[PDB]
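Take a look at this one chain, the form deposited in one PDB entry, written out in structure tokens.
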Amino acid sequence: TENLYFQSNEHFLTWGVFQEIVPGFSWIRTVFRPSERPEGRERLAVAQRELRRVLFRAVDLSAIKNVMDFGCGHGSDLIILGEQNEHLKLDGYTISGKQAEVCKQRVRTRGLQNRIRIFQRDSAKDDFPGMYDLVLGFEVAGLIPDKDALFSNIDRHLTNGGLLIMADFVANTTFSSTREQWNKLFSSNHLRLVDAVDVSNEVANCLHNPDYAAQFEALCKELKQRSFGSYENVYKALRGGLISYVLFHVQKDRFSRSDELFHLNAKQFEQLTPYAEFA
């Protein structure tokens, strides 16, 4: 549903990789009472950076020129890439006008306005502005209903052999896409799944609730405009294997048969690497 992602429709807007449960850590208190306990904010930021370390595991940024972030949040991913790699040109789309304002300000404050452009545009309806070597979607695609249009937009603006990296959910069997649904989206848009890391255990550790029942409910009443009661369902689903949080590494393959992309992608979807076994 809508309680799957860090935010529904360093300022990262994703869950993080917690190798283990941290006693006392509350993502809810950390996000909505951030002044009260500083160590929580820092632990969460480290975990969101660890998510990104794994997401980028195979990417050689020295080799890439152009980057598209199709749901760019507050622009932190574009800013970090731009600051650390002076040759990159980067574009971001967000459907939020407020986020676009923040992104533009943060880009200019970092002196990156000559290399990063931000647009308030819809990645399923508005063509990306250029051709890209690297496309980022970290907790974005699941929020976009018209995934066929999104993946056509990705394909049409990705150079052959270009890379798509995503953080998103897999339904292991209605809302999140199953393996077969993801495979249809990739295979019908010239995309091969190269490698995927399953961080479900570690995202669940991030979501672990340290407040006992009555205390948690009292906290959520003081906070009153979200509904925090449903996040327990996401935690239970990740613990039980009903859904997985997956870090996808995908390559554009313009010259392969679509049925053979599907055949190879299905095999790769059976080879997901748990983060605990990743190195």
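Positions refer to the first chain, counted from 1. Heads up, when I say rigid core I mean the largest set of C-alphas that superpose within 1.5 Å between the two forms. What changes on going to the form deposited in another entry:
- Here the two forms are overlaid on the core, and between the two forms the C-alpha of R37 is the only one among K236, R254, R37, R49 to shift by 2 Å or more.
- Once both forms are overlaid on the rigid core, the distance between the two CA positions of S62 between the two forms is under 2 angstroms.
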Contents of the next structure:
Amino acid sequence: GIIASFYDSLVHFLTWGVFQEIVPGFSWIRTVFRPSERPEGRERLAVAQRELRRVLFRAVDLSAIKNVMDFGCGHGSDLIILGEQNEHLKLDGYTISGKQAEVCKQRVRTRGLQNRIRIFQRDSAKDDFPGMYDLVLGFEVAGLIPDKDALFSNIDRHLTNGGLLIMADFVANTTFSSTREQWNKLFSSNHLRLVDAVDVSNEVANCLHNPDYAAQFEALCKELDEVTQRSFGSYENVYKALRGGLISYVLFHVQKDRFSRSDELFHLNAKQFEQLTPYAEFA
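Okay, that was the form deposited in one PDB entry. Show me the form deposited in another entry next.
One chain, no partners, no other molecules: that is all that follows.
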């Protein structure tokens, strides 16, 4: 319900991140639209986006991994950062946007990474991933893909046993509805075990906190285009839902477990879905 409206809206970083506390006067809406007037909020938003990534990758040892798949790679920042900082890695990205693919390819080559990063305009539910991977990334992607069964079969068939899947996505706390049980069915039917999960709902909502959002949004809307108006209304409904606990923004750490009984993956995953760790309790 509320989750589907935010993903219809989306249709350097295309996630927006972890504010440990509300910082008075920061405006996510102003930063995202007029960064030409680069506030501290421009660099403050970048800091919070790196912090989201730090938590997402908390358990991954990149020195041990060889091959990475990003099944919704946006503008390629995650692949490029990984490739720049870990010269041994080989990384592939899929995006369904032709425009995004062109950008990814250009940015990859500008940084001299075209020998280790490949970009494809392909559909992660319809097109097999092009290799066998040790780590799979889906940051705000799986929630956008209707055929989740096909997506998670594709992930399974192209993940080495014991390989890792890290995802940022939404859990609904009350037709795929993003419930715990629905995510669990996807993982357990496809040889995936939830290892742990950090709930950053409070800190993501801190990023979107704007006591003057109404008069701020009108001022920017004056330089407008209408598809972008209901798209940022979908974001304020996510704020309420996050504050209210209706949905959770969750950073999943998942491991492929080919040798375990699927019914036992489900049993174990269900326990882990009830012990999400609040970011405020994370270190």
